[PDB]
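The chain contents come next:
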Amino acid sequence: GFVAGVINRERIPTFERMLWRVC
Amino acid sequence: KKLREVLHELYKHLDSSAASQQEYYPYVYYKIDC
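Top to bottom, those sequences are chains a and 6. If you want the authors' numbering, it's the 1-based position in the first sequence plus 175. Read in order, the letters of the second sequence are residues 329 to 347, 362 to 376 in the authors' numbering.
The hints are simulated quantities; they were obtained by calculation from the structure and are not laboratory data. The reader is advised that the hints may include incorrect statements.
Quick partial rundown of chain a residues pointing at chain 6, CB under 7 Å, derived from the structure [said to hold, decoys possible]:
no.	residue
1	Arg184
2	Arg186
3	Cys198
FRET-style restraints, in silico, Cβ to Cβ [to be verified]:
no.	chain 1	residue 1	chain 2	residue 2	range
4	a	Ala179	6	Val334	40 to 46 Å
5	a	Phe190	6	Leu342	20 to 26 Å
6	a	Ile182	6	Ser345	19 to 25 Å
7	6	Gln364	a	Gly176	29 to 35 Å
8	6	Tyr369	a	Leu194	42 to 48 Å
9	a	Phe177	6	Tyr372	30 to 36 Å
From the derived model, a few chain 6 residues whose C-beta atoms are all more than 10 Å from chain a [as the list claims (entries may be wrong)]:
no.	residue
10	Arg332
11	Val334
12	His341
For each residue, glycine too, the CB sits at the ideal point set by N, CA and C.
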């Protein structure tokens with residue numbers, strides 16, 4: 176079940192990469 | 329340091345997409375010392 180967290184294009188390319196890299 | 333660069337080159341094609363680097367290298371490594 177996908178749960179959608181919303182961020183305001185703050186740093187999507189960087190912290191999304193970081194989420195990929197840590198999780 | 330020359331190895332840091334060369335091994336970066338020799339291991340970046342393993343990933344070839346997502347992985362700034364910092365500590366999340368494209369390779370596996372831990373350091374053993376004195």
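Now for the hints, and whether the structure bears them out:
no. : hint                                            : verdict
1   : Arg184                                          : violated, 18 Å
2   : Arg186                                          : violated, 11 Å
3   : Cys198                                          : violated, 12 Å
4   : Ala179 (chain a) / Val334 (chain 6): 40 to 46 Å : holds, 42 Å
5   : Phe190 (chain a) / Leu342 (chain 6): 20 to 26 Å : holds, 24 Å
6   : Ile182 (chain a) / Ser345 (chain 6): 19 to 25 Å : holds, 22 Å
7   : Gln364 (chain 6) / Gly176 (chain a): 29 to 35 Å : holds, 32 Å
8   : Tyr369 (chain 6) / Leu194 (chain a): 42 to 48 Å : violated, 21 Å
9   : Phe177 (chain a) / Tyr372 (chain 6): 30 to 36 Å : holds, 34 Å
10  : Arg332                                          : holds, 19 Å
11  : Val334                                          : holds, 23 Å
12  : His341                                          : holds, 18 Å
Hint violations for this structure: numbers 1, 2, 3 and 8, all remaining hints satisfied.
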